[PDB]
Amino acid sequence: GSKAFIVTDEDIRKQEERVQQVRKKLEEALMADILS
Amino acid sequence: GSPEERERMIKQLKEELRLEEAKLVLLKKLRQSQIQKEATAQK
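These protein sequences, in sequence, are chains A and B. Here the first sequence is numbered in the working numbering, starting from 1 and rising by one per residue. Here the second sequence is numbered in the working numbering, starting from 101 and rising by one per residue.
The reader is advised that the hints may include incorrect statements.
Said to hold, decoys possible - Calculated pairs, DSBU-like style, for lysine-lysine (alpha carbon to alpha carbon, straight line, at most 30 Å):
#1 A:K3 / B:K128
#2 A:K14 / A:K24
#3 B:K123 / A:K3
#4 B:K129 / A:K14
#5 B:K129 / B:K143
#6 B:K143 / A:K25
#7 A:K25 / B:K128
#8 A:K14 / B:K143
#9 B:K111 / A:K24
#10 B:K111 / B:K129
Claimed, not checked - Residues from chain A that face chain B, not an exhaustive set, calculated with beta carbons under 10 Å:
#11 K3
#12 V7
#13 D9
#14 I12
#15 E16
#16 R18
#17 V19
#18 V22
#19 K25
#20 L26
#21 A29
#22 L30
#23 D33
#24 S36
Stated by the list, open to error - Derived DEER-like restraints, expressed as beta-carbon distance ranges:
#25 B:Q134 / A:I34: 44 to 50 Å
#26 B:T140 / A:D9: 19 to 25 Å
#27 B:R118 / A:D33: 18 to 24 Å
#28 A:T8 / B:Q142: 45 to 51 Å
#29 A:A32 / B:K123: 26 to 32 Å
#30 B:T140 / A:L35: 23 to 29 Å
#31 A:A32 / B:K137: 15 to 21 Å
No lab work stands behind these hints: they were computed from the structure. By construction, the Cβ of each residue, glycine as well, lies at the ideal position given by its N, Cα and C atoms.
Here chain A stands alone, though its shape is the one from the complex:
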């Protein structure tokens, strides 16, 4: 019904973008094993 759950194309994009940001801090923070 109205209280149903519908996934939108955009909402999904925002989810991927959020995750991508986390990875950045992963590879970046990792690339500084000696720098940091």
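Use these hints to put chain B onto chain A, whose structure you have.
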């Protein structure tokens, strides 16, 4: 400065990253699962 603490955070974020992504990939399948033949399951 507990250098190990900094590395620990990276490892922790790495694990959650995999789980966080897993759900994302699954969600994508759900979208394509509702396109073909209705959506069979309602849940």
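Now the hints, each set against the structure:
For the suggested pair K3 (chain A) and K128 (chain B), the alpha carbons sit about 21 Å apart, so the restraint of at most 30 Å is met. Distance restraint check for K14 (chain A) and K24 (chain A): the Cα-Cα separation of roughly 16 Å lies within the 30 Å cut-off, and the hinted pair is therefore satisfied. Of the supplied pair hints, the one linking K123 (chain B) and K3 (chain A) holds, its CA atoms being roughly 22 Å apart against a limit of 30 Å. Restraint check for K129 (chain B) and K14 (chain A): the C-alpha separation of about 16 Å stays at or below 30 Å, so the hint holds.
Restraint check for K129 (chain B) and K143 (chain B): satisfied, since their Cα atoms lie roughly 14 Å apart, inside the 30 Å limit. This hinted pair does not check out: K143 (chain B) and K25 (chain A) have alpha carbons roughly 35 Å apart, beyond 30 Å. A distance of roughly 24 Å separates the Cα atoms of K25 (chain A) and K128 (chain B); the hinted pair therefore holds under the 30 Å criterion. The suggested pairing of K14 (chain A) with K143 (chain B) holds, with an alpha-carbon distance near 23 Å, which does not exceed 30 Å.
Of the pairs offered as hints, the one joining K111 (chain B) and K24 (chain A) holds, with about 14 Å between alpha carbons and a cut-off of 30 Å not exceeded. Between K111 (chain B) and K129 (chain B), the direct Cα distance comes to roughly 28 Å. Compliance with the 30 Å bound is thereby established for this hinted pair. Contact between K3 (chain A) and chain B, as hinted, is not supported at the beta carbon level, the nearest pair being about 13 Å apart and thus beyond 10 Å. Look at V7 (chain A): its Cβ gets to within about 6 Å of chain B, closer than 10 Å, so that hint holds up.
A least Cβ separation of about 8 Å between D9 (chain A) and chain B falls short of the 10 Å threshold, and the interface hint therefore holds. A least Cβ separation of about 6 Å between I12 (chain A) and chain B falls short of the 10 Å threshold, and the interface hint therefore holds. Residue-level restraint check for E16 (chain A) holds (minimum Cβ-Cβ distance to chain B is 6 Å; threshold 10 Å). Taken as an interface hint, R18 (chain A) checks out: its beta carbon lies about 8 Å from the nearest beta carbon of chain B, inside 10 Å.
A hinted interface residue such as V19 (chain A) counts as satisfied when its beta carbon comes closer than 10 Å to some beta carbon of chain B; here the least separation is about 6 Å, so the hint holds. At its closest, the beta carbon of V22 (chain A) sits 6 Å from a beta carbon of chain B; the interface hint therefore holds under the 10 Å criterion. For the restraint placing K25 (chain A) at the interface with chain B, the shortest Cβ-Cβ distance is roughly 7 Å, inside the 10 Å limit, so the hint holds. Contact between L26 (chain A) and chain B, as hinted, is supported at the beta carbon level, the nearest pair being about 6 Å apart and thus within 10 Å.
Look at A29 (chain A): its Cβ gets to within about 5 Å of chain B, closer than 10 Å, so that hint holds up. Residue-level restraint check for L30 (chain A) holds (minimum Cβ-Cβ distance to chain B is 6 Å; threshold 10 Å). Below 10 Å, beta-carbon pairs count as interface contacts, and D33 (chain A) has one with chain B at about 8 Å; its hint therefore holds. Of the supplied interface hints, the one on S36 (chain A) holds, with its beta-carbon coming within about 7 Å of a beta-carbon of chain B, less than 10 Å.
Separated by about 48 Å at the C-beta atoms, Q134 (chain B) and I34 (chain A) satisfy the suggested range of 44 to 50 Å. In this structure the hint that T140 (chain B) and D9 (chain A) lie 19 to 25 Å apart at CB holds, the actual value being about 21 Å. One distance hint, 18 to 24 Å for the beta-carbon pair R118 (chain B) and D33 (chain A), holds here, with the actual separation near 20 Å. Between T8 (chain A) and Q142 (chain B), the C-beta spacing of about 19 Å breaks the proposed range 45 to 51 Å.
Checking the proposed 26 to 32 Å range against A32 (chain A) and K123 (chain B) shows it holds: the Cβ atoms sit about 28 Å from each other. Checked against the hint of 23 to 29 Å, the C-beta distance between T140 (chain B) and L35 (chain A) comes to roughly 52 Å, which is inconsistent with it. The supplied range of 15 to 21 Å is broken by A32 (chain A) and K137 (chain B), whose beta-carbon atoms lie about 50 Å from each other.
Checked against the numbered hints above, the structure violates hints 6, 11, 28, 30 and 31; every other hint is satisfied.
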